[PDB]
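2 protein chains.
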Amino acid sequence: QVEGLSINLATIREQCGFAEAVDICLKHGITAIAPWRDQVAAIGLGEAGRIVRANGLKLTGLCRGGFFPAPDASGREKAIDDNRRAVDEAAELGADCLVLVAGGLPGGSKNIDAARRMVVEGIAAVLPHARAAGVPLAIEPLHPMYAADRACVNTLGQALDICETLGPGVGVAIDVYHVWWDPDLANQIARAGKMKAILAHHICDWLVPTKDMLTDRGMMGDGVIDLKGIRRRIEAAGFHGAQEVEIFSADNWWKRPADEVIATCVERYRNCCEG
Amino acid sequence: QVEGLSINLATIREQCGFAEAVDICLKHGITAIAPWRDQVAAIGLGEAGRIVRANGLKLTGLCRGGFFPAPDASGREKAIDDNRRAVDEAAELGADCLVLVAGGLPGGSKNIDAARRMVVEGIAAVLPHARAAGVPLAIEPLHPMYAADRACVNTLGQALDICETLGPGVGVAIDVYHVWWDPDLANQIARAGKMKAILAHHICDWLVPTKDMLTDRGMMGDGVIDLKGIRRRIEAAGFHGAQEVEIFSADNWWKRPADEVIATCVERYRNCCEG
Ligand SMILES: [Zn+2]
Ligand SMILES: [Zn+2]
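Taken in order, these protein sequences are the chains called A and B. Per the numbering used here, the very first residue in the first sequence carries number 260; after that it's consecutive. Per the numbering used here, the very first residue in the second sequence carries number 260; after that it's consecutive.
Take these hints with a grain of salt, some might be off.
Which copy is meant is left open, so a pair is good if it fits within one copy or across any two.
With a cut-off of at most 30 Å between alpha-carbon atoms, the simulated DSSO-like pairs for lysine-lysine come out as follows [stated by the list, open to error]:
id : residue 1 : residue 2
1  : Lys514    : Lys369
2  : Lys487    : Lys455
3  : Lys455    : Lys286
4  : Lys470    : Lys514
5  : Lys369    : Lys470
If you are wondering where the hints come from, they were derived from the structure by calculation, not from laboratory data.
Isolated chain A, as found in the complex:
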């Protein structure tokens, strides 16, 4: 087995559905995954579970919940309801956390403070149901470039502020793509450790040049992130969970055979990632 490696299934999403991805992962000695809700829906929740169990599969996360801002309270309630259903799916599959991607500005608002208030309210509204189901909520801070239209939780400091306020049952998914640049990263990781808030660690690389804002994530080692440096900090902070490969690569990795992608992931994980 490749111990301590997980594959977020977005990494081979062009190539595979849920059943085939799991098959390819188990064949390469990988026994931990993070599936997406649409992948689960395509195979069916009952079959997804059967597969999880038949291998006692570790799910490092379910992607994703969140998307809280909306112009009206009823739209915000509709989002809260979707998150409760997401929690239920995570529980059924035994996921280590439900990943939350906050949502950006609602409608045509320029009020980012208000959108952020909506996100905190939504997480607060979902948290009782998530605590009750045994599903930790992982706020994934997203890269600042995504603030307007994808997620207005944009720093680890901000995400940890929300955690500290709401209390137990909410933590952070630390994705290197989203946080590597942060000048206060070392402090916030140590802070997350002391709060016991680290729920997941996602890996990939920042390419130079980066050629697309969303779908040009690098394979570990092809970019400029000090991955080992970051992993060492995360472990020193007390998180020893699996490193989860999440690569969106429209023009490279999504065009290669899935077996080549997963094998490269094993190779890079051993050479570039371990702390």
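Fit chain B with the ligands to the supplied structure of chain A, relying on the hints for placement.
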């Protein structure tokens, strides 16, 4: 006159050289500019000065200095030397500040902490010459997406930390494109005010979607930034200097007649920008 408006000449860089840009600005009632060092070099420093003086032109900034990291001390010294020459140009033209864009990772380094140390060292090395010439150094924090390859000063908090440490003669250029997303923006602006560190304010907009990482800045009002909200904070912090339009728009504004761009800038400034 359009009081309180400045045009960073990058906004019409495809259309105009220095002499023609100034002509177009003065014709639309704009009497403040921020030229680039290559534009000054193309017209010649002596002629640039003659033009500045013939109108008593306000320069809200000179773009740019910085670019401090390099793999070797001699490369770092070469950068420091270039910055001293940049200071001299700013002095000669009577610029309100020399804008500093930090530089990204040197060579093939993954050590962003070290590159940041190099930037602080470089600013520290240039500062005596800049103090002596009467040229304030404006650290311009750049958007986090630029961290690897353009500038590893990426938050207003980080930039103000450097200012506070080095002391007098170094402040911040606050560009809305670079900082609008920052969850601690309100606090850091108030902080910059208390330190008396605000040297410039650059305006433009964040488009949704943004279609290019470098050259798809919006015209004020076409995007999602609360420009008036930010300007009000800057004024409450005690900076009442000109708002400087800096737009890099490869597929829109750089393809329009310069007169139409500058007229739109006046229109939006009056409608969308004033606090
Ligand atoms: Zn992630
Ligand atoms: Zn700027």
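Exercise for review: Check each numbered hint against the structure and report the violated ones by number, ascending.
Suggested key: Of the numbered hints, just 3 does not hold.
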